[PDB]
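The chain that follows stands alone, in the form deposited in one PDB entry, written as structure tokens.
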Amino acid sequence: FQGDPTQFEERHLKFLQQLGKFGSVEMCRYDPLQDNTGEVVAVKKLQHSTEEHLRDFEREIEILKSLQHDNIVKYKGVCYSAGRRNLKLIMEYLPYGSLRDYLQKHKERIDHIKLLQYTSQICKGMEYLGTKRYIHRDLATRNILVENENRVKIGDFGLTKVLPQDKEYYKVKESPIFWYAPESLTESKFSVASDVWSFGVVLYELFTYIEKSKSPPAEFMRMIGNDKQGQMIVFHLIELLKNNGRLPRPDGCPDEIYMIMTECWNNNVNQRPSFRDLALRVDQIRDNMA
């Protein structure tokens, strides 16, 4: 039993709202005291409850339970529903959903200052994750959640891997390709540096405000050619990335931010900056402003 089986009993986990999809997440209220209501929580469940999917779910639960950081979604427990013959993950509920939907829905309260604040908080969450030798493998604005105007948190650790003891990279043997590093596309090798590449893509997303056709997939398809389909796309992408093909500077994006993006988008793995470098640089850019 990963979590205390009495902490969240299914008879008191009341449904409130469906939140969407790597599995499926609901909004619930844990109401132990008759109808006193209580804590609002997010509940993740599986969509195709197979043995392999449930083992991956166990791995994700173990990853999330070991994390305690201001920019990481809080683990709260596990609910063993269906007479303790099923497994559901309990975490905190962030009211404003994904950072992508937040940038699309609430543009009235978002500016460059907020974008740099979110960038820094993501960097610090990733530093914390690297201290655990975890590789998130899926850094994207859709997987970063907004608690309020001033706080974002890294979530969706379904693809997260633990680095081997004597290896600085993890080789996956079983895909958001437009967020992948070239070595991830060509060798299935994932590391902190590939997470830094995906973070560069995340910064691009932030400074595009995710407008029409400005997304990394649409931009990469426009550069590759919308006439192509299938593995050929991937092929072109790899070739495109091998010879310095990059996403363009978003409109209104400062040249220093795009320089950070391009430094993250280095084909040389060891030349990409660390998350500590990136957090320090972003915070100094914020602090040096008037």
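Positions refer to the first chain, counted from 1. Only the largest set of C-alpha atoms that superpose within 1.5 Å between the two forms is called the rigid core. First, how it differs from the form deposited in another entry.
With the core held fixed by superposition, the comparison between the two forms singles out 37 as the only member of 226, 231, 37, 243 whose CA moves by at least 2 angstroms. Core-superposed comparison between the two forms: the C-alpha position of residue 51 differs by no less than 2 Å.
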Second form
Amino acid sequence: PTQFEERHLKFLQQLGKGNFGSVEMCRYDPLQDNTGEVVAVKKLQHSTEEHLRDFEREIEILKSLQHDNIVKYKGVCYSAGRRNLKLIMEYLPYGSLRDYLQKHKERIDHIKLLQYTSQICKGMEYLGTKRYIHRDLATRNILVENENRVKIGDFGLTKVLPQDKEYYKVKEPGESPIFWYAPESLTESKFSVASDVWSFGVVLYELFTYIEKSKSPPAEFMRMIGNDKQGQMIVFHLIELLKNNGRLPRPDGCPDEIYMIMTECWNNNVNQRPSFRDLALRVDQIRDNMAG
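Show the form deposited in another entry, please, the one above being the form deposited in one PDB entry.
No partners, no molecules, just the chain.
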């Protein structure tokens, strides 16, 4: 059941790319009459030994996850006559939360943003039970299932913690989403549940900006750093800024109690950041206490 035949998998559309993988919208059509289910298919651009090993790990990670706020694993396709590997996931028609919020920003009130926030936290609590570190939380990686439900939608950088170890050092050669990174990820390449909490704070920030371009984390940090800065100078200044309490500003219209949650996530002291369980409870208590 979790093995899809390449001959029945038909390309429809490109969905997106990230890291060293691409995701496409495909019809799985065993009846060969254009009526079959639509699925999302992830492929690697280069099946090097390293990239393929990492992809197999990603597949095992997603397969192991079963939660209402995590995109569903469907299977694998051993394509090119079983000399290639593709990952099959459910396809969510509403797309990413990033694009959804940018489109429906009038429809979506604060209570709804908090509902999405809560759901992201719950998916992350679940990841923590498996000792998985996501390492790439951002609204681009969250999918909308319906107007009332989101799912964490990509796990391309997700790592399993070594047993009883609180962090994983990933000396990555190449680009990184530095404007979502915790300071210790920038300075020591250390990723942990606590660095996911930092990045979650940035996701919460993203939501309350409604993805206004001039308010993005890169736009705001570069404004503080100096828009003229290039290369490593950007990283030097970002690190120095963060170490001495430089932070993203409170978004226009954002309740101060919600900004306080972001600022608590953005603690330089790793062991003082709240847990995802703390965060889900706090966010749901706020929602439950609100005027409506």
